[PDB]
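Given as structure tokens, the chain that follows is alone and in the form solved without the named molecule.
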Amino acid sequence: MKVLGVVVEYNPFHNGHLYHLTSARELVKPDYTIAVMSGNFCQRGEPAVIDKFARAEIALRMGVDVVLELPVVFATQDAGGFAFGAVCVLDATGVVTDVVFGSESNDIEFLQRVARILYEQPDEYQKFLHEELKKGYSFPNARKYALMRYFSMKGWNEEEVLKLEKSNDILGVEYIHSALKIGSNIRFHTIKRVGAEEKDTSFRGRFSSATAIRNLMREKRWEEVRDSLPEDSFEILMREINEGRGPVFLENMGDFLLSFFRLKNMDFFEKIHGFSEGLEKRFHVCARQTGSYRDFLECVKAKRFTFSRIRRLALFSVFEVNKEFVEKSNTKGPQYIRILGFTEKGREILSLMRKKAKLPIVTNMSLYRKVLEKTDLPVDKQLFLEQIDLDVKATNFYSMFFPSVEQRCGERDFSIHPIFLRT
């Protein structure tokens, strides 16, 4: 028996996503497919263009049997924390056998070699990393240079370690690294990256990136959106829009984020995860000097910062995601498995997950405190509660930006049950 895991966001689910999913299923020939998916906010620090319940339904119609929520504390982190949460969730199901992820190099052996070095921390590598951590290098840069120097000493190709600027391959390394850390037996595979680069922004016809498609949506070119998307993905996108639950764009939240930063002092940002390299002063000063979130982001931007990093820090700030909370989450991992949706076939593997899972399974959110109280699993209960409260908080915040005022009431985590799709 084999169960395919995939780590996904689907913002929106497009033709490239379908190609990847179909290829993964053809490669692994799984009996069941489980997706761990980012919620209402993705890894670039942007809102999903439609909410997690719609995108869970889309994934189910595209051939996922079970959709799990990647908790916000992981979903909005950079590659290291993102991968760690995703791999912990999939490993925790107790049924996942194989994981297939998109890749640029499409070389599983190189990705594995890098991860083993990061896991086993050779004495030579460690000495290099510290030297590179002086000379003021940021960790991901110092690590890259440390890895390059390790490769030379071992007579490998150091040039390869510059492959690791590509998003797909970075995540790939971190998936494997995470699996070694938690002692997972999951088998990992790559497929060569589908369609346009995740950062492209140009319309490629059939296969455009998700960022490009969201821009198409901004410009209201629906026919080009339609050409980018599977029929059911587009249909449900149109549904959410017609019913006033989309589209949701980051600039819709921009005035909130900017105003919120004007309520905060530097002491506040110092307590929030991810802040270093003068970014606290930058947030504080730029929030007072600029009048829109777009202008804010450009004021904070400098050569050594990505927009994505800045955008993530903005989400961490409004959700008050503090340093200690993230440190604990990146150690102990997710404390629950949240079910967003399943098919008829998915019911079967969920039944097995009840017996095999290493984390409490949450389906009915009204009952999550009872699940926590009743579980025999050695979870950190306080951390559990903090993590799931963040998930709920993000959904409630997100809902205020539904285009229709009528759609903004209530807590969707408690009012909407996991999607059940008949087969």
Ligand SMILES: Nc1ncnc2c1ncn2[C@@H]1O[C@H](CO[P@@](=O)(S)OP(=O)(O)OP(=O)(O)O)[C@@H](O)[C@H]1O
The other form holds:
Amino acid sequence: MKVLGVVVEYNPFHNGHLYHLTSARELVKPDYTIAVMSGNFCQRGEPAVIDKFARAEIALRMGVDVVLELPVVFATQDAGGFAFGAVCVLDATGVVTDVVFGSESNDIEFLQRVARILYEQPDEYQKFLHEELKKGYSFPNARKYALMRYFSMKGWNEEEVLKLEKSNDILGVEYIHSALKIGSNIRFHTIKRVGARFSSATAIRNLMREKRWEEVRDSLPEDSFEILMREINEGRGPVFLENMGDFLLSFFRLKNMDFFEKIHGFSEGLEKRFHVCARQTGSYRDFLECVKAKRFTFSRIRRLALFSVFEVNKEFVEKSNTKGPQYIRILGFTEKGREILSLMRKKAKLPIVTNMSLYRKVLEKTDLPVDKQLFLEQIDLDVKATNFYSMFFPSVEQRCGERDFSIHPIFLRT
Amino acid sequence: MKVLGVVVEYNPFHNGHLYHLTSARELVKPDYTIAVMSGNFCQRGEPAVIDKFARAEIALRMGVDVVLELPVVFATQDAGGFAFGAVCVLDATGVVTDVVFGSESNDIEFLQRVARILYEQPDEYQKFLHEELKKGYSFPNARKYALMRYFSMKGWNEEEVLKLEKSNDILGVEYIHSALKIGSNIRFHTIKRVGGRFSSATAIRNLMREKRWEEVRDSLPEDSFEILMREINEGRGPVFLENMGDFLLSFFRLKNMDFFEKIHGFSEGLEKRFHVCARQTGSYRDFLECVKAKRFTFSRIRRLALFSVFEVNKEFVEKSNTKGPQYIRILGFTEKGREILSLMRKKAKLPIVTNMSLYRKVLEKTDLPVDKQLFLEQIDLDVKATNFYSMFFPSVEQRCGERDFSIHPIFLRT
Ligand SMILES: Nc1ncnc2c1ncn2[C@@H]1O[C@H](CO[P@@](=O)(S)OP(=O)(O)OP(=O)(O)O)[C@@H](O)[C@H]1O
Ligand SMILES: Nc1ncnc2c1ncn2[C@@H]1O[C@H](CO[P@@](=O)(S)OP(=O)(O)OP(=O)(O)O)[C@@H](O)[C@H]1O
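Next up, the form deposited with the named molecule bound, please; the one we just looked at was the form solved without the named molecule.
Once more the chain from above appears, this time first in line as the rest of the complex follows.
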């Protein structure tokens, strides 16, 4: 039988997301659909505008059967790490046969060809890559130029490689590359991205900031808007990066360069830039602009700020990017979802965590040969991120307790 | 020639402080007056309501000739550590002859008698203490009972040991004790504490919170009130603990018990209490009440919160409480003050820091047998505290830069 996996953030779940999910299901005709979803922080280094429990419920309402958390250590990395974590979780379920992602080109054959080269690492490609890195280009640029030069040597059209300047197709190549690395049999598919009625998740979050609520409503499915309003009515949203800005900036003034040198992703003089800009600027917005230069994107800097505040160190990320996620966290499922979750319990290659109050017992008793210390470090980060995030709920009445322990997986009858 | 030393916090400088300074000057008739003053955080675990540069200027205008900073590692400790740092700084100037402190008993002979016992550690006293250290008693209590039982054996009145339940006389004993430890020749004196026109510093900060400025005005010398208004009008005040509360509470959610176990001052299950209360409560006020129990003072809990965010570890404090402050930091001086500073350059036992941009050069060039690593760690903490505190200036425009480097010692002309 067929099971559709999808890799998602849903920050917030909007019409474009409904378009993807519906397209994916109609294309593949799966018996079940499983989503692996970023938690309370997304890949761009921002908080989710409402939390993962709310967004899990929306995913269920929109046609997902089971929602899994993509652990924080992957959810907040650049595309390579993000993709690797996401494919490991989907593959580890033991049931996912097909994955569909939105694509600018909608050219799956092109993406598979590129993923194969990056997987096999032919020496001519490596030679080109090394030269470009030596020339001082950043890895994404160097890889691009190296692939182009490789395409040319092969008598292919190198201009086709320009498709990899588009974010979603880059991610696509990384999903496929990850599946190749871990030996997964998952079939990958593209669907065409449309619009940016379809506003980007970032535009919609900006509409919320400006309190243009009618336009927000026009951008989201009804159940998504309803849950968004629910969270806002109870003071659990919206949550914006700028709400965390004074914390981040103040926290960096507590740290010296020695600290940042241990944090994953620091290189190219970024330790000194974090150290100096933290002391010379008075707001996180100004901080970001101070650290920012030609060779750094805002998303890279914002990711580094999250890695710093959560003390996500180099050794921990190295192990996570080698051994992968050590557990499957269930954020929610439907009555129909029970059926595929039951099969996962038989077929999964990682321990399944439903009841967080039990996760240490799950680890102690599992037959699966996981890395115990890595498991504990990974899930501790997931919990820490939730606990930190909840301090920024607008209403103080919502800031108590550990929501990973107090909120069980969302459940909806079918 | 006589130089009056005074140990002070001045948070803010009020009429009781003017009474003390006037009384001390009348008693000692000093040629010069040097204050050693807590920086931007005081001994009760709270931020100074305006910063150290403003309060140093107030001190000079009220008749102090030279203001020195009490380094943070001492300023934020309990009475023993606070006193030790303060007396070390004053003794290290090489010019201080007399120290006068406010006293509940105004009985200097008694305070001297108690410090002598603590310093000389009689056999009988040590026995009692070891007994009392068992039966679960914390040291300051076990000490009090050991002292009482000691007083009985010698045939003195043990009820008199209850004079040491009083805050100022506790400090008095510790100043004298510290002077004996380091072999200081400083003469200590008491003046009786008096108390309308006299409100405590805590009462005045609450008046400020409630915006009763006329009552604040009535509690403060004119120049003290004037500079308080200046800082407020210029967006550098007031600064209250509750302004830092969300930072502290959020920060504790980033930490596990292993972290608090390394922080100075943690014992008696306080690590578990910090950890659990941080996750169970939604505000720092609620956090503090959660941690509070009969055997804990709020001041101790508040101090521990400060040691936690500044990562003031057990070993760093143990060395500091052994070797003392490694530098004399000058916050301000008058014209008259320049004179005694000139003599200090010949007589001082620690390196003197005027220009913070030069402190590494000072440390490099000094012939004094300081601990260089400890010097660097102590002054790093002073700078960190200033930088952290400045993020809580009400005006965002005032939050940039490192004030320790941007603001030279205050110089007042006569
Ligand atoms: N307009 C659109 N058309 C088709 N597919 C889309 C889409 N928008 C998203 N998807 C697909 O929906 C899936 C989940 O999207 P995430 O939650 S990972 O958000 P994101 O893609 O970064 O959204 P953004 O910020 O608005 O660009 C992915 O396969 C998308 O390609
Ligand atoms: N009313 C008073 N009478 C006599 N001396 C006093 C005094 N108030 C302060 N002093 C003396 O002034 C000196 C500086 O006091 P800090 O700056 S250390 O403040 P603090 O004493 O904690 O003030 P509080 O919080 O208002 O009780 C000390 O020797 C005091 O004894």
